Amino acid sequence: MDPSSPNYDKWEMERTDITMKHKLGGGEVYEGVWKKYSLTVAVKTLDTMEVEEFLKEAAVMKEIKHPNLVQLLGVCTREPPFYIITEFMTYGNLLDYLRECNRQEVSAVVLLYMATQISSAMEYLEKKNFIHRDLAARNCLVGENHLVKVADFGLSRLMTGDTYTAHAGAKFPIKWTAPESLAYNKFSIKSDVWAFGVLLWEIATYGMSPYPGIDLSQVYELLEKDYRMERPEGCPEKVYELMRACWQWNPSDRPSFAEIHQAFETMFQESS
């Protein structure tokens, strides 16, 4: 826009500057090119019932910056249809990736690195007192040299699979949702820690669906009296001990991300 103008927004960019394309199977995200720089990018778009919510996401994205969080390049919220441009992550989402990778190339060390990256992003978000709400591998993205960034798709309605079910005013990744949050709709950074713990598990197992076989309805009950996923084949003892600490029934017991990242750094440096 216009610098002197009263509504100047650095992030608002020319909608013509982006050569929209086809969908990256998802709201809806297509893949786009930013002609100016010949760079492929991710464009998230929206007569729908969540405008206050979209622009909110835009707004937030404008406040966060970190090497391990998907990067917002610009927006298009001056005139509809509403856009949201972020860098593209050639490898798509962490969960499929883990399911279609060459495990010789994606060994234990690499998997330990991915967790370290993710933990680092969460430490930031924790420092900025920001609550993710839906941390999980389907929500992390994969780039070159095993670069992993944390994101948010708003998979809630995009998905209905069996991943998400109704609790509160909507759907919730039951298997990723912490106790307190399933029972009181209490979401905190400690709730994200829980989910992280699960995401770890997703990582340890190259992308296997959590609490396999178990039905959503019974998840809480089990966790209630202290039941947990078992260490996955190949997972180091120290990693696993970590998951458990994340999975403590009392939020205040769960380690901070600052602590979680400090533990990984020490492990990832000891292994490379």
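In this text, rigid core is short for the largest set of C-alphas that superpose within 1.5 Å between two forms. Residue numbers count along the first chain shown, from 1. What changes on going to the form deposited in another entry:
Measuring CA movement between the two forms with the rigid core aligned, the set 78, 157, 103, 127 has one residue at 2 Å or more: 157. Once the rigid core is overlaid between the two forms, residue 167 counts among the residues whose Cα shifts by 2 Å or more.
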Contents of the next structure:
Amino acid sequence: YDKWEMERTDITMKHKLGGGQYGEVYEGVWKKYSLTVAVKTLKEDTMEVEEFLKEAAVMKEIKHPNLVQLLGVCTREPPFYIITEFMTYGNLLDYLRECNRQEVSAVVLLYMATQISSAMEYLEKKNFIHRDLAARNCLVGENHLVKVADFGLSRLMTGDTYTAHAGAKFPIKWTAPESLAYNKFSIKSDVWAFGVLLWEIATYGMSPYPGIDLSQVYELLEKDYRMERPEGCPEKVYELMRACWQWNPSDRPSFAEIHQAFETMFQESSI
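Can you switch from the form deposited in one PDB entry and show the form deposited in another entry instead?
Shown next is a single chain and nothing more.
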């Protein structure tokens, strides 16, 4: 018995989301509650069923106000379904790039970084690591509400470090040194990515290391190169941005600390 298992009939598929950049995800309707939802689907021919099922499973364990919420699943017979709440404003990257900056202001940017750090602190305590933390994987809802995508989560079964399947490709500009070097990800690797995410938020969606060819990024980081403080970015925040980019992962702060710092900046800023 699985309280989550539901009827594939209850849902009404509509169209694809994010132009496919997230896979087989569509906007749907849950007839019963006339609720608009998000539906991840698995195709006919795939060796994904194993992974697809684990994602769903993981999602039944996580519950945080800033992590996308699972509503139900259809995993008995194909096509498989993972049903989640619907985020009306898409991903945080597009949101920042199109938003009105008089509305989505400094306090708002601060507020969004707090929410994301809040979710990461939850994941950190829960012993999970996120394999793709970036603005493009943060969803936005009304009132600058931000939730981190639950897809791409791995649970640390033993160590505090997760090794990815040898020969896996990850976003260079968001990947911590140790990950690019040895395919090893810890929560500290997420801290690094979070620091990059901060940079995206502070630049209203600019591409990280703009103009710098990928083949050079790792070396530049070795030689101690880091992105400069974005125009308008308060020093306190850049200082935290820089701490997230310590070369040694153990020198990087914990999400508990980062969250704490933001909760404070956010609060004293709203005064």
